[PDB]
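Asks: Since the structure of chain V is provided, determine the placement of chain J on it from the hints.
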Amino acid sequence: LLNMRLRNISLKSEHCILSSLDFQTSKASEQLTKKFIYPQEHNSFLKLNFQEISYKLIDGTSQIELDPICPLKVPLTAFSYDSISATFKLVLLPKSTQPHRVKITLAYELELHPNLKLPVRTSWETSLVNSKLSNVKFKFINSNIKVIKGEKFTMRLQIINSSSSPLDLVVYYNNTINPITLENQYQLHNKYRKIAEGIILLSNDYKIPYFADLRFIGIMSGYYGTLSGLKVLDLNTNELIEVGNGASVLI
Amino acid sequence: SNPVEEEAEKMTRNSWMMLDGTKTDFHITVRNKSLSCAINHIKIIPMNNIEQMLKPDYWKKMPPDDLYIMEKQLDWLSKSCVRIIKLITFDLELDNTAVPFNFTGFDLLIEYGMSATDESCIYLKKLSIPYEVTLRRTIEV
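Chains V and J supply the protein sequences, listed in that same order.
So the first sequence is residues 212 to 337, 401 to 454, 482 to 510, 518 to 559, counted in PDB author numbering.
So the second sequence is residues 822 to 830, 857 to 934, 944 to 997, counted in PDB author numbering.
So here's chain V without its partners, still in its complex pose:
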């Protein structure tokens, strides 16, 4: 009851799990000792944090937070350090320790020493594109990695089949503006114009019969997230499924 602490954990699925604890000043405790401090002629507190440490709770383990920290002391404030976890596959809720050491202060003496440790479980918990018919999974072998400079480049759509008639389908890009609150008309028009006119796909109806190369050229700039347009089409009626994947800044 001097410094309220909370830990927030965010699940970055393309990397490690990120969890950050957060100290604060706990105002409902500050006016308490503010009353006696301004009784003794002091305006704000002088609590000194001298040893702050998060340890990985286990039989025994410890971690290290993902940037640098000094030995600090603040009056009415909040601080928050971040430490990276390891992104679990399924069903193992890890736990942490989070010890701390607040050192209070008085007139060059009477440093009433305090310490605190709140151990709890660090599990807040709130690119394969499947075919959705017969598990013909597609993945780009270098997705989201392309700094092109309006030059040619090549990608790799590694199709993974049932190995049962593995020669079936054809890619294409569809350079055509799709035909679609008036600025909601205009934002959709600018999105559909920059999609259907910015890159070209130099191997158009490539008719793949399990890698591909798919050379593009890319004649306008801007971050093309999710790279729409690049559809495939298969032996059945309409397997017009997307890739929905891969991105390229072009500057």
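To be clear, the hints were calculated from the coordinates, so they are not data collected in a lab.
Positions of the beta carbon are idealized from the N, C-alpha and C atoms, including for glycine.
Among the hints, a few may not be true.
What the hints assert, rightly or not - Sample of chain V residues with no beta-carbon within 10 angstroms of chain J, all distances over it, derived: (1) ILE269; (2) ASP270; (3) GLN432; (4) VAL557.
To be verified - One-sided and incomplete, this derived list gives chain V residues near chain J with beta-carbon spacing under 10 angstroms: (5) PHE247; (6) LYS267; (7) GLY271; (8) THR272; (9) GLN274; (10) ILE415; (11) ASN418; (12) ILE434; (13) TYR507; (14) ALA520.
Said to hold, decoys possible - With a cut-off of at most 25 angstroms between alpha-carbon atoms, the simulated SDA-like pairs for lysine to any residue come out as follows: (15) J/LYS982 / J/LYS908; (16) V/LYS306 / J/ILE966; (17) V/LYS306 / V/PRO330; (18) V/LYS300 / J/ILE966; (19) V/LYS508 / J/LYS982; (20) J/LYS870 / V/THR298.
Replies: Same frame as chain V, now just chain J:
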């Protein structure tokens, strides 16, 4: 009864060329609950088992039917190279899967690493790592 104390102890497709791999995995709770590494292993190239299998099987050229290689090579239809580390995740573990000298009907390298920093304990909890690869052949004569 007599006990004693409980001790405190991706399917790539490389096409007949060079390649690489990278392994940094946190299945390393074998000494003090995954603290750090004992010592490093900087990119150990695995192609020596299938080199010293694919050379002398076709350098047999003695009578090939009496089988002086008498044990079955069903476990040599993979590679299974090893890296038994000395006394968090995997610190350095890379392997250059060079298919440039390789057979045409193999699948994987079930690569088993003895994870322990356990000094002559005869205890080392070896966890195995597979590849389940495929080879797309580029050229024949």
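Asks: So, for every hint listed, does it hold in this structure?
Replies: Here is how each hint holds up against the structure:
With a least CB separation of 4 angstroms from chain J, V/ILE269 falls inside the 10 angstroms interface cut-off, contrary to its annotation. V/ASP270, annotated as away from the interface, has a beta carbon of chain J within 10 angstroms; the closest lies near 5 angstroms. Listed as outside the interface, V/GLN432 is inconsistent with that label: its C-beta sits roughly 7 angstroms from the nearest C-beta of chain J, within the 10 angstroms cut-off. At the 10 angstroms boundary, the C-beta of V/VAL557 stays outside the reach of chain J, the nearest C-beta of that chain being 25 angstroms off.
About 45 angstroms separates the beta-carbon of V/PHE247 from the nearest beta-carbon of chain J, more than 10 angstroms, and the hint is not met. Proximity of V/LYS267 to chain J holds as hinted, the smallest CB-CB distance being about 8 angstroms (cut-off 10 angstroms). With 10 angstroms as the threshold, the beta carbon of V/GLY271 comes within range of chain J, its nearest partner Cβ sitting at about 6 angstroms, so the hint holds. Using the Cβ-Cβ criterion of 10 angstroms, the hint placing V/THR272 at the interface with chain J is satisfied: the shortest such distance is roughly 5 angstroms.
Interface hint status for V/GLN274: upheld, as the beta-carbon distance to the closest one in chain J is roughly 9 angstroms, under 10 angstroms. A cut of 10 angstroms between beta carbons decides the hint on V/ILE415: the least distance to chain J is about 9 angstroms, and the hint holds. Taken as an interface hint, V/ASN418 does not check out: its beta carbon lies about 18 angstroms from the nearest beta carbon of chain J, beyond 10 angstroms. Given hint, V/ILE434 at the interface with chain J, holds; its Cβ is 9 angstroms from that chain's nearest Cβ, closer than 10 angstroms.
Residue-level restraint check for V/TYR507 is violated (minimum Cβ-Cβ distance to chain J is 18 angstroms; threshold 10 angstroms). This hint is violated: V/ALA520 has a C-beta 12 angstroms from the nearest C-beta of chain J, more than the 10 angstroms allowed. For the hint linking J/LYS982 to J/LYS908, the alpha-carbon distance of about 37 angstroms lies beyond 25 angstroms, and the restraint is violated. For the hint linking V/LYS306 to J/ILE966, the alpha-carbon distance of about 32 angstroms lies beyond 25 angstroms, and the restraint is violated.
At most 25 angstroms may separate the alpha-carbon atoms for a hinted pair to count; V/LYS306 and V/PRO330 meet this at roughly 7 angstroms. For the hint linking V/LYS300 to J/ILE966, the alpha-carbon distance of about 21 angstroms falls within 25 angstroms, and the restraint holds. Proximity of V/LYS508 to J/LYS982 is assessed by CA-CA distance (about 46 angstroms); at most 25 angstroms being required, the pair is judged violated. Note on J/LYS870 and V/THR298: the hinted pairing holds, with a Cα-Cα distance of about 16 angstroms set against a maximum of 25 angstroms.
Going through the hint list in order, the structure does not satisfy hints 1, 2, 3, 5, 11, 13, 14, 15, 16, 19.
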